[PDB]
2 protein chains.
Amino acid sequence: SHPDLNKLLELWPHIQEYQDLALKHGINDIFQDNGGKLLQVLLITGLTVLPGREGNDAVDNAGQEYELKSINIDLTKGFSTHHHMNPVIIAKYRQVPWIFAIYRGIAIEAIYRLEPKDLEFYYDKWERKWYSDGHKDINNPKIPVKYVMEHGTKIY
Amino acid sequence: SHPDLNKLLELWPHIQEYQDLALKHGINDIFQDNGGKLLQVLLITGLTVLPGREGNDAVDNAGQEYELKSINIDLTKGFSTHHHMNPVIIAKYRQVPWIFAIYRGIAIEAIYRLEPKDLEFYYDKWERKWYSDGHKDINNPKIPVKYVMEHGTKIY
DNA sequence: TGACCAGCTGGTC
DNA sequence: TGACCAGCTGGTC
């Protein structure tokens, strides 16, 4: 047993209270897939994760779907994408806007919206690379946070 | 923003503390790869995670390297392994022991432990397949909890 | 920065 | 309970 365990138990009833809120807003595990940071983004913007979605997909009060990515700036400078990118994956995202949220560790700093139109420069490079490489799966290429800031439009 | 956000503003400080607490134990993010859930197992078992660590692996006061898995018994009935199971991986597992934490949501009910002797039954079946499958990687072959509760030592 | 490398896991017939 | 479907990121340079 570790001395800090006494501290963990003091906070728990508050953690469980947080996890009860996420649950109420469609999220099941706050300790996975950025589960806990999303709920923040969802409550601030007002988007909605729906029952039975694949990945972090969200919808507004009108049907529009969006793709959410989240990054911790104390650690990296490029948003992650997919561990096995290829045309098929790009197609899923192609038509929908993306929402990118930026955290200083666990504290939220900004939320930037990006139009598909702006994300085209990137889908090209990837698809193009794919071919000119032997139809081999790019391993998590990254989107620069700086690019997102200059090209996106800050909504928080 | 959504009215529930206000409720989220009351619980926040209590959340940052957990994060400050996780960061004191080698956890950079409590909302990913089971950070929160992993903090728990650590303070209980008194295990330690070493920087430049490979995933979610801890050591004891004697350098014995371990592998830690987590699971929500309330929605899936088998532990995950690797998205691309293969001989390279397997040959880094059979060398070390696995701790298994069980939760009912985010509430640990137990912690069993397994020796490489116990797990052999599975690696024998996986190399077997990969070698005649056509060296085709195995995507997240699960290990049944029942198997775990019935072949290991209860640690908690 | 581009291109390298890796990690946590959940759902189903 | 096997053998398939799939998701979220990070790290050295």
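Positions refer to the first chain, counted from 1. By rigid core we mean the largest C-alpha set that fits within 1.5 Å across both forms. What changes on going to the form deposited without the DNA:
Between the rigid parts that turn between these two forms, the hinge residue, out of 68, 97, 40, 23, is 40. Treated as two rigid bodies, the chain shows a rotation of the smaller part against the larger of 23° between these two forms, based on C-alpha superposition.
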Contents of the next structure:
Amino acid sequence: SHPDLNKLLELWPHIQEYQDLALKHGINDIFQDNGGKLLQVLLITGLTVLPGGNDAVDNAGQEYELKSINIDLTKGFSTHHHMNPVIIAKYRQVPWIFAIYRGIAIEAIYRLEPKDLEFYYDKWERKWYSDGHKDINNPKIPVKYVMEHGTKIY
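Just the form solved in complex with the DNA so far, so send over the form deposited without the DNA.
Shown below: the chain alone.
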């Protein structure tokens, strides 16, 4: 009924192709849980997403953390909802990949090394002790930090 149906039919073969390319990479559904966004980070980066420890691994076995924001909607990257020195002990070991989307398109990707995040890890750990051993619910990493301190891979 919407004449936009012509358009849909025109478009549809290419949406299915884009979804075949996501299946190839471990994403079952492009239209659910930002699946079609994530495929753009995996294809530019060459990463492979890991199932539900870290989130991605490259060809050489290096694991990474992978955090995303839509910059229209927000300016800080989330980390973990209940962090403590043991989450930080895990976080201390790997580089982090930070993907910035604007809408459905990736706008930029940054890589930060553990040395670039010791700032917040020391601070968070201190704060878990000074607040009497209570878990910090999702501290955030400002976009300006990651853009000051990282390597722009895209």
